[PDB]
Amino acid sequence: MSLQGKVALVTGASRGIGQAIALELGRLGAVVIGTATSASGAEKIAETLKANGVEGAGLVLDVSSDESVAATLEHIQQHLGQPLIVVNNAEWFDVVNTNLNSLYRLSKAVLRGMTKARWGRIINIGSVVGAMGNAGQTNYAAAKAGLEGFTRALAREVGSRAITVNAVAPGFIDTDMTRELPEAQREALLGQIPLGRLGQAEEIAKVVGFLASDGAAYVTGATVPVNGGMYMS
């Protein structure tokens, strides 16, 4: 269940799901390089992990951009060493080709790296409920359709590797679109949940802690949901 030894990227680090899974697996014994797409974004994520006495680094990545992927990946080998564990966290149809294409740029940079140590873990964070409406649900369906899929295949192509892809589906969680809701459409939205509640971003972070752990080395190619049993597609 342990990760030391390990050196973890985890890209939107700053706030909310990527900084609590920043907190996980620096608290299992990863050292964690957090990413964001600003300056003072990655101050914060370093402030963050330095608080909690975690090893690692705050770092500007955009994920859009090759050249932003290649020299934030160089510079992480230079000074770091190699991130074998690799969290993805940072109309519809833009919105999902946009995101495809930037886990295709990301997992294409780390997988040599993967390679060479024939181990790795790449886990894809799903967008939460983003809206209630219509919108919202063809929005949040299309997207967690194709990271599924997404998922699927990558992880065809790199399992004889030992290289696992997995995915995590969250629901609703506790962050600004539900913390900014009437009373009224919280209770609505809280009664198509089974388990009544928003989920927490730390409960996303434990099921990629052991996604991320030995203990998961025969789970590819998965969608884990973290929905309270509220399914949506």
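Definition used throughout: the rigid core is the maximal C-alpha set that superposes within 1.5 Å between two forms. Numbering follows the first chain given and starts at 1. Compared with the form deposited in another entry:
With the core held fixed by superposition, the comparison between these two forms singles out 184 as the only member of 51, 70, 184, 195 whose CA moves by at least 2 angstroms.
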The other form holds:
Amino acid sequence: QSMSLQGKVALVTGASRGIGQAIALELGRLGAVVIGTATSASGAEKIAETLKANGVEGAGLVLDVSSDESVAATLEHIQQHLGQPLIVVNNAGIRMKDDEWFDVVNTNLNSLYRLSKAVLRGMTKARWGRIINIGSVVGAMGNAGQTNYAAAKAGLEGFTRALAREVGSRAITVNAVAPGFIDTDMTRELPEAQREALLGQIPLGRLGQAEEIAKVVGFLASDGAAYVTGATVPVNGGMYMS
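Switch from the form deposited in one PDB entry to the form deposited in another entry and give that structure.
All you get below is the one chain by itself.
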């Protein structure tokens, strides 16, 4: 179809669970060869098993997006065995305290930059690419959680717009998806009172599914989305936390 990613290699960080897993499976459904990453060898192997179980061609790999050496080594590995990743989804991130938002957002954006700069060479050669950055999920307890959510989203939006402007003349798009309260391993077991309070602020009246984030990412990765760049797509059931 026109949604096809056949012939494309995709790299999805943080793919062993939750949103990242769902992204990897959706890109695979669309025909990409998917490389999914975890911070451990056991995670990488699990990804491979998940991809097999779903008929997706690709691999699991160990990647630490905080490390220049890890990034360079991993990308060389991929280039030698699978091909140049032309679709890259930055999903891996590194109580919440009222004073740690800065180091979290700072670190995460430094990792987005690190990985993006590493993969842009291959996209620049191909004169095509998709870079999709995934924001953090709502749910963390406290005013500190709200603080961090909004701070991370603001970093994400700015970074994505800036990079999009930098690389657009190469037919590379750069977009973000900002999830709301999504059913993941991290939110499923939040205290009931908190889950109930969050649901009360969501017009749709339900958590989002990981797959509902992944469908958006799959669209953005498609040829149909070629004129969408610099955007942050909120996927939040109408709940806009700021």
